[PDB]
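K.L.:
Each chain is listed here by its residues.
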Amino acid sequence: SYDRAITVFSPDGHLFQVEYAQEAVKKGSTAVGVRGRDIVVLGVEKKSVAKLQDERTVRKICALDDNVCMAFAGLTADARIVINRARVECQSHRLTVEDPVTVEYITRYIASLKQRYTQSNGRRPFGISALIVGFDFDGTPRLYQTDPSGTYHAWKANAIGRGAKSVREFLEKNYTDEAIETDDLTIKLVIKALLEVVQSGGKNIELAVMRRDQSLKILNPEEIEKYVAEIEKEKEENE
Amino acid sequence: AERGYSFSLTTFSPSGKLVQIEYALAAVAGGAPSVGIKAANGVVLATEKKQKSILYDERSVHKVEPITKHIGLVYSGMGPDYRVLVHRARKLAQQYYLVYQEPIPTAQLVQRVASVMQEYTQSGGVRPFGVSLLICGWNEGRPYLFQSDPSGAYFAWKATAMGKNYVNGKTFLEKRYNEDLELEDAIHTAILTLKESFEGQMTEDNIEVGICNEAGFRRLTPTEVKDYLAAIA
Amino acid sequence: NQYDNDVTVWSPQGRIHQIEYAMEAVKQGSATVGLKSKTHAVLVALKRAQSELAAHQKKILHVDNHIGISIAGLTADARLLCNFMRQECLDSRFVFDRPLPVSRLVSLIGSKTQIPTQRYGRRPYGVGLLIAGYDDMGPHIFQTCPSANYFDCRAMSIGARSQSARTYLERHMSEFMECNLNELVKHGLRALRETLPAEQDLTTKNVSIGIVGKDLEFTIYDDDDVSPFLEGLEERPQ
Amino acid sequence: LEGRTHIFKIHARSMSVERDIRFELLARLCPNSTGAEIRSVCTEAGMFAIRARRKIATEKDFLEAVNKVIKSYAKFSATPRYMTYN
Amino acid sequence: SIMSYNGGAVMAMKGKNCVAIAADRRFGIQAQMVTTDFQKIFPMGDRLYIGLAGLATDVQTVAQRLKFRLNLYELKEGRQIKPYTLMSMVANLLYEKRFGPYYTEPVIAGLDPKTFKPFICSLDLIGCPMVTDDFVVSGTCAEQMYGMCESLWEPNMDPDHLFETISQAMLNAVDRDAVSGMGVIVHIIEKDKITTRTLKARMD
Amino acid sequence: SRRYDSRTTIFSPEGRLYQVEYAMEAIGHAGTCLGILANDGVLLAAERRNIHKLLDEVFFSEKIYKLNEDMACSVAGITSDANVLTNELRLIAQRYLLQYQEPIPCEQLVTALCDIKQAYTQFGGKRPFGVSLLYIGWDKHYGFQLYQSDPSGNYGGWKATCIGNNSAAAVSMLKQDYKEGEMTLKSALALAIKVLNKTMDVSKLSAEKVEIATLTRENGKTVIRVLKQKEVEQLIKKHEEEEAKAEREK
Amino acid sequence: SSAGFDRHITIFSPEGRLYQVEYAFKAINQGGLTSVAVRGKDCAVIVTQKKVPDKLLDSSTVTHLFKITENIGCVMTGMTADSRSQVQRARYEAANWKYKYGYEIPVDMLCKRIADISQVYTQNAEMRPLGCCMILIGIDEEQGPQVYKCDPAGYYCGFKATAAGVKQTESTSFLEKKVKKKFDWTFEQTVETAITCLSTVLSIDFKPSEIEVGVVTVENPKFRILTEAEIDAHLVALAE
Amino acid sequence: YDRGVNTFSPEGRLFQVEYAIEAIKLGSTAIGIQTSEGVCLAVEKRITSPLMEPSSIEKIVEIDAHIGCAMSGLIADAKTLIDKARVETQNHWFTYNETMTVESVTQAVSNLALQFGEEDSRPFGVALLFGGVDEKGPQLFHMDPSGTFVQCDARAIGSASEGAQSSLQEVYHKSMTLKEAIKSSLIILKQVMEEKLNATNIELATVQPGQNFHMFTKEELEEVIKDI
Amino acid sequence: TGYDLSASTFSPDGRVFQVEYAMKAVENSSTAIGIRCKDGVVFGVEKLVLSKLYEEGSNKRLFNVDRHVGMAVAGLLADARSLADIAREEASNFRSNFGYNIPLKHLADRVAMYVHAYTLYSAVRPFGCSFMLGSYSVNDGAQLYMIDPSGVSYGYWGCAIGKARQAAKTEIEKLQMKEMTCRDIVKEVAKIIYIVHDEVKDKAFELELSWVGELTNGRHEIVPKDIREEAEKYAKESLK
Ligand SMILES: Nc1ncnc2c1ncn2[C@@H]1O[C@H](COP(=O)(O)OP(=O)(O)OP(=O)(O)O)[C@@H](O)[C@H]1O
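Residue numbers (the entry's author numbering), protein chains in the order written: chain J, 2 to 240; chain H, 2 to 234; chain L, 4 to 241; chain A, 348 to 433; chain P, 2 to 205; chain I, 2 to 251; chain G, 5 to 244; chain K, 8 to 127, 134 to 241; chain M, 5 to 244.
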């Protein structure tokens, strides 16, 4: 078949293509997201659209089921495979044990398969990561994240992509209990997180909220433009 | 399975060019000249086989190896790699003739063969063929002339040439061969252009002339070979 | 220096360095001295540990009723070959209903380690097994090496600075065939006592001894089981 | 491991060391750095302290830039001298 | 039996310059009718059809595998498939399983893509190629088919007499056996146009 | 035996894909193909690589391949390299039509081929495919669609295209000529001819060096229009008449 | 001009050349032998020799004339280790011809099949090309005797008289003048020329025991190896 | 001089294994203790940012009902061994109607210790601390990526393990009670950690024959925090 | 530079260094020669003494593969034992599918093919063993074959291997292979082996002997040294 060692342990203890893969995620698109008691919200940016091309082909957000939604970063080619993979596993958790799928179970499948995808011969590690957002059964929130090494980990807020340190710095004033005490405020909270993110031009920004078990609805640049208007108006009233 | 390494030995150059395949093109240029002409009724191919010593007999080894009764073929480049794809195409036409019970189209041979050949360039741990095939035949009343290459591309020419001085010969075939002429003229200008780069000796054993009639391919004997060209061209 | 890369490549001198580099692993193991008499055989090993709280790692382990073995070097391939070693025991014990004479048994081991010493991408096995056993002609002591050469001996030793033990052997091993089990034991560990530094024990728990006989089945002796063997001995001089 | 701190003891005479700074804690966070890289650790302490106007470097202040100064310079190259002869 | 389970009769006959093929519309299990709108003959390419008699599963399956390799043939080579090449394709497909063969009675009636020249052939369930210069009949009862068509079919026939001939032949043959009926569909094709007609048959 | 492999599969420490970068450089050269937004139809054109008049031209459409009755493609790169992929995707389409008896929609089609191409990238050291080919077609749901294949395994599907690197000026031309909901496919055809009348190095715009393959939506035939150069020449001279009329301003 | 691993593996040079096969070409010189193939009208003669460094050498074990078929013998050059491996495969393919097709192999196709396998050795870079040289003869129905040769380029060959190897370059040009003129070839003609081409290159004129002379003629088509007793008769016949 | 990744060192030994031991230095530190009453084990979660969720990363998971374990270095690297070992012991319980011993887990993992190679690919560099209660009482075991097993009373891993064993054997004795060992762990932990002590920084893995399972529960650690 | 790495890779001189290094690898082993009388085949092995080293009669290079055939090997002992298993299994195939004694010829050929085959791939290495093969039978007679790591199958009346080779077979011309019965050949060989291999390099040593032929009724076995004690009797008195 195809037998070759792709990744080996260096004498410093750090692997090569694994830790180096994180640089591709730093050089990918920027994406954000938050969790809440009712409506969870995600984010995406750095689409680099020429406004003359259809947005559904460049779409960075998919979903396995109406309960659990998929969000990735980095290069899309390697994410396609992870998607279809996770679709088969989600459909198996549906098949046997008919209860809805838990983020802890599914993301663990992505991380495990990616781990052995960094172990066996003839397997080149992915240079991308992702973070999954949804709402747990019984109205609870649920989110987790992926890692090149396959380490699942749950955040209170999503900061990745180009300038992850910069956005994560802004989340320090986000974790206040007031934010977000309201879903109406959570949306504008994503616009306020994306305002310090990337160019923050109000065009490439795309977000979808999921309230309880209700499926998310992608908003057209109509309500997001009014939310930008109220952002600059909040900076106006703050003077 | 060998051990089954199967890693492609051909990288993509910074300019997008292929390494081993362009070198194989050098092996095609360093081969032997072979011309062909598609005009009117059928296709006429003219190869060249010269012996390095007087002890050699050309009644044994044949350069023209027809794959089908109505489909002939010649080549340029090294011979060893030629024999390979010969036996290949022989086993390759038989599935078509077995399923469909119908003579396979010349254009079908090319696609099947060049697909396996292109895979032979992408297959890991093995070098491409250094042979550029000239494929002919008559199908559906309209005969055909195709030319292959180590990378596997395929073309269609009225009159083409391979081997040394093929760029010089090509300008000759352009001006001297045009429109459509009978198979007799097709033989004539073929032998003239072959006598361009040939030595000062022309015998029935120095070259061979293959012809695809619409009645099907017939390999001419050295007798007629020296009968038309004696008195060459 | 680039011709040491593969196991397949022959050195310009004809010496494959992969096997030699495995022999260094054999020298980094604990010093163990096996010996046999015309009647009973005694094998002795040395236990080592990294920290004081850590229990000393045992070497000698029981396979066949009459076949004990020592070990040194890598424990991975050691226990792998030990599963193989158990297999070969119960095999004839089932089919033929009889055990295997060690003579023909180790040939199987050398053929087992022949393939990874030749085929590309395979590595040799670092091994410190010293095998003892009783067929109808009495005890046998062999030796194991990554080169897959087994030598029939009355006594042999491997490990750190184990040649100095041999120096004590040559004169003593000729006269230790007549002696019974009792003194044979302490004569076994007398070779190790000169391998370790002379300013410290040589305790009861840092050492492993086993006894196997034609009429005596092999039992692993350690800790308090070594107390009867160490008692009544003379300390080394200055 | 226990010797890495010695380079910190020589470089401690420069600038001013706060009495609460632990060298052994910082030393384990950078294996295989020899003395040069930890010299740049002590260097970037006061370097980033000048930009922040701080006279002495607090232990928690520079380490935030020390994990960055080891990782960011290991990102392009980990300096594998062990690989140079291997 | 195996072939009498679903039943069905397919009859194809060649005219002077044209060719016709017809088959019954009854679909049922044994003596139980299911539906009468079931389609047995399927269109393949242009000015050519294929008839099938046997288990409806093999009818549909073989129809789809046939369309599979068919399209792959016509996508590689722009020319339409030849009648001989079609018959040989079917022969191969049925011969692929020697001991696991599908149960069907293939009937191939179609015009030459080259000229107006028609062609007819029918194959055995194991894929045995067979050609006829008059008509091909495959179905439940062969006695009335071979019996009526020899006393009706003529060497030179215009589409009018071809239609009415195959009409009364299918009527008298189908009305004798109980596993066929529920109307009969007739496909008559020529170079100029394709004509499709549905006969008036007993619904009991 | 490990030293003989060039490690085409593994990444490049800069963050870039080493083999894939050189791969894209092949699409920059050789093939040249265009695409545009048209209502009630779609258009494609390509520049013939061998403009030599000695060819037989018996192959009909050459650089334009038809993988299905409702969809076609425009190839750019090595011919045979594609010819593996064309029969491949052709079988995938045909097994969709076999399984469901329904025309395969463009979405999952393209993405299926893209994952096939990705496979050769993550293992085996195999030679990836340096052929980026286009996609056209019609579905019931979304109607007319435009897509594009990339060696990296991502589909580069937009409403417009740049093939090859010579067409990056056609994209700047298309941003000035951007239109939404205007066809008149002939306007977009004179536009696309205006692209090669400037951006292309070959002047005079020889009708035998290019091939225009249009597909108009027809129910349910979906008519595929393959046009001859004779009626393209008068269209080219109509375009040159438009040029001669545009210089009449100043 | 060389770039990359092309010296160590089988590929094309920047100029299209192959280095491994050109090394195997001169691999025969390490054997230090010579083989001459001469064919007459009804006959064909194969002549070779052997080195006897020690008096312990057995003439029977070190004989270089191999017999593939009862009616078809052969000989090899260069190192014998590589030739032996080709011996059993020659014979195997002969037997499979006799099994599959039910009749004796023309031997024309034998060198071709063999040469295909030689192509595989030329193609894969992870296996040795096997640079031994194959030389065969044969008998065809009403075609007279035939003489074939095969070199590790993965191709087949066969001529009237052909001699390839270490010193065979000089024996060739000597043969070309002896064949023609108009000179006809009979049995004793060919036998008597076998030593002339060897002498012109060597001129050692030694005991016939070291040289082995194979022949194939249509009287009894069975291949036969000549005894030293009769060889010496031809050797004294050519020297008057 | 990169040789087949499986090839011995000139000194020598396995290259990649030797290198994989260094990856334990960059991992988190964990200090287990064996007591006559039970087995207590603690780890530092090493929280980088408040974005981290406390219960997301757990360095200690119980493989068998009565047998626990603690990992080292990378997490997902041990995942593969973790979940598979629990299956091992389970099947033991099925065939023999009896649970697997603490010692059995050792050879269970040692057989799969080094399976890497090419024909017929990278060895895990996660060290393992085996806790559990066999028929002889509470036991604590230690194993290494190379596969060498050794029984350790109180063993430390991670970065400061060299420094942690240091102050360990100083305060260690065989008369250690379980409640004493518990508060003896945190003394070393708070010296080797940069963050202040809180319930989210460290976790305690305790097990006893008469108290189980346990495992461990919340707010129990909160009482141990104020015990300093 | 790198040409000597893989045995499948050629060298600019048109050979393979792996075979070459394998050859002298066998030369550094202790001397092991062979000789054959008319009614049998004599084998001999010289065992060096380094320290003690261990019990007499251990890991002797004399192996018995078949009823009438045995292995006198030199070089690395492990590979010799593995190849002895290979000849054992091959001989078992012959005895299974035919049921009589495998002729020496095709035996050593079947082994030789393996020796050559492990030198056509980069995975495995050329063997570092060179062994003597000889046998006697009533319908066969006395044959002795010499096999080398390159894979060449041939044979003489006598051959020499080990560090002492040319000097070991020098006196062989003095000995009569034909007139001298095997009973006398034993002592005739042992005395020179005691005189050759000077004791300055190796102080102590030990000599093994084996024989098969008509006197043992085709049964090959190590000749018992307590029987006749031929060597030391005449070899200790042959120093003058
Ligand atoms: N262990 C150490 N103790 C004291 N100083 C050190 C240590 N390691 C590094 N240094 C300091 O780091 C500085 C940089 O080292 P330098 O780059 O000169 O090594 P180098 O000469 O490049 O090594 P090499 O000659 O092997 O390349 C030296 O001036 C040295 O004083």
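Simulated from the structure, these hints should not be mistaken for lab results.
Ideal placement from N, C-alpha and C gives every residue a C-beta, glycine not left out.
Possibly wrong hints are sitting among the right ones.
To be verified - Dumping the calculated SDA-like pairs for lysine to any residue here, alpha-carbon to alpha-carbon at most 20 angstroms:
1) A:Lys-422 to I:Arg-17
2) M:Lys-109 to G:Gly-8
3) P:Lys-118 to P:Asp-193
4) K:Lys-32 to A:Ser-363
5) I:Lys-210 to I:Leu-56
6) K:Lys-52 to A:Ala-359
7) G:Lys-164 to G:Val-222
8) K:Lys-203 to A:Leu-376
9) I:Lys-160 to J:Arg-60
10) H:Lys-165 to G:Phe-163
11) L:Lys-115 to M:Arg-187
12) H:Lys-165 to H:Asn-140
13) J:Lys-47 to I:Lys-210
14) H:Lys-92 to G:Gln-123
15) P:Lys-201 to P:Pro-156
16) H:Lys-159 to I:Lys-210
17) H:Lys-50 to H:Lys-18
18) M:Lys-56 to L:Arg-174
19) J:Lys-28 to I:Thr-223
20) K:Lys-187 to L:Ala-163
21) K:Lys-52 to A:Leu-376
22) P:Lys-115 to I:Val-59
23) H:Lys-18 to G:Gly-8
24) M:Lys-64 to L:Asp-155
25) P:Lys-68 to I:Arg-17
26) A:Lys-418 to J:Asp-13
27) I:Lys-127 to J:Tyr-106
As the list claims (entries may be wrong) - So the derived label-pair ranges between C-beta atoms look like this:
28) K:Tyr-8 to L:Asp-218: 48 to 58 angstroms
29) K:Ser-16 to L:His-175: 35 to 45 angstroms
30) A:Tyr-420 to K:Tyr-8: 18 to 28 angstroms
K.L.:
If a hint holds in the structure, say so; if it does not, say that too.
P.N.:
Verification of the hints:
{"no.": "1", "hint": "A:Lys-422 to I:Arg-17", "result": "14 angstroms, holds"}
{"no.": "2", "hint": "M:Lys-109 to G:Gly-8", "result": "45 angstroms, violated"}
{"no.": "3", "hint": "P:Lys-118 to P:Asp-193", "result": "12 angstroms, holds"}
{"no.": "4", "hint": "K:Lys-32 to A:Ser-363", "result": "30 angstroms, violated"}
{"no.": "5", "hint": "I:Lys-210 to I:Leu-56", "result": "12 angstroms, holds"}
{"no.": "6", "hint": "K:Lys-52 to A:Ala-359", "result": "30 angstroms, violated"}
{"no.": "7", "hint": "G:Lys-164 to G:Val-222", "result": "16 angstroms, holds"}
{"no.": "8", "hint": "K:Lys-203 to A:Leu-376", "result": "16 angstroms, holds"}
{"no.": "9", "hint": "I:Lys-160 to J:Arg-60", "result": "14 angstroms, holds"}
{"no.": "10", "hint": "H:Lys-165 to G:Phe-163", "result": "27 angstroms, violated"}
{"no.": "11", "hint": "L:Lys-115 to M:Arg-187", "result": "40 angstroms, violated"}
{"no.": "12", "hint": "H:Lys-165 to H:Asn-140", "result": "31 angstroms, violated"}
{"no.": "13", "hint": "J:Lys-47 to I:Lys-210", "result": "40 angstroms, violated"}
{"no.": "14", "hint": "H:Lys-92 to G:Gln-123", "result": "18 angstroms, holds"}
{"no.": "15", "hint": "P:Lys-201 to P:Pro-156", "result": "26 angstroms, violated"}
{"no.": "16", "hint": "H:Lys-159 to I:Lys-210", "result": "18 angstroms, holds"}
{"no.": "17", "hint": "H:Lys-50 to H:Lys-18", "result": "32 angstroms, violated"}
{"no.": "18", "hint": "M:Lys-56 to L:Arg-174", "result": "10 angstroms, holds"}
{"no.": "19", "hint": "J:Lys-28 to I:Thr-223", "result": "43 angstroms, violated"}
{"no.": "20", "hint": "K:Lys-187 to L:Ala-163", "result": "32 angstroms, violated"}
{"no.": "21", "hint": "K:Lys-52 to A:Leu-376", "result": "15 angstroms, holds"}
{"no.": "22", "hint": "P:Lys-115 to I:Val-59", "result": "19 angstroms, holds"}
{"no.": "23", "hint": "H:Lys-18 to G:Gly-8", "result": "16 angstroms, holds"}
{"no.": "24", "hint": "M:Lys-64 to L:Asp-155", "result": "10 angstroms, holds"}
{"no.": "25", "hint": "P:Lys-68 to I:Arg-17", "result": "45 angstroms, violated"}
{"no.": "26", "hint": "A:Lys-418 to J:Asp-13", "result": "13 angstroms, holds"}
{"no.": "27", "hint": "I:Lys-127 to J:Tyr-106", "result": "35 angstroms, violated"}
{"no.": "28", "hint": "K:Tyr-8 to L:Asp-218: 48 to 58 angstroms", "result": "55 angstroms, holds"}
{"no.": "29", "hint": "K:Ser-16 to L:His-175: 35 to 45 angstroms", "result": "37 angstroms, holds"}
{"no.": "30", "hint": "A:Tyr-420 to K:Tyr-8: 18 to 28 angstroms", "result": "26 angstroms, holds"}
Hint violations for this structure: numbers 2, 4, 6, 10, 11, 12, 13, 15, 17, 19, 20, 25 and 27, all remaining hints satisfied.
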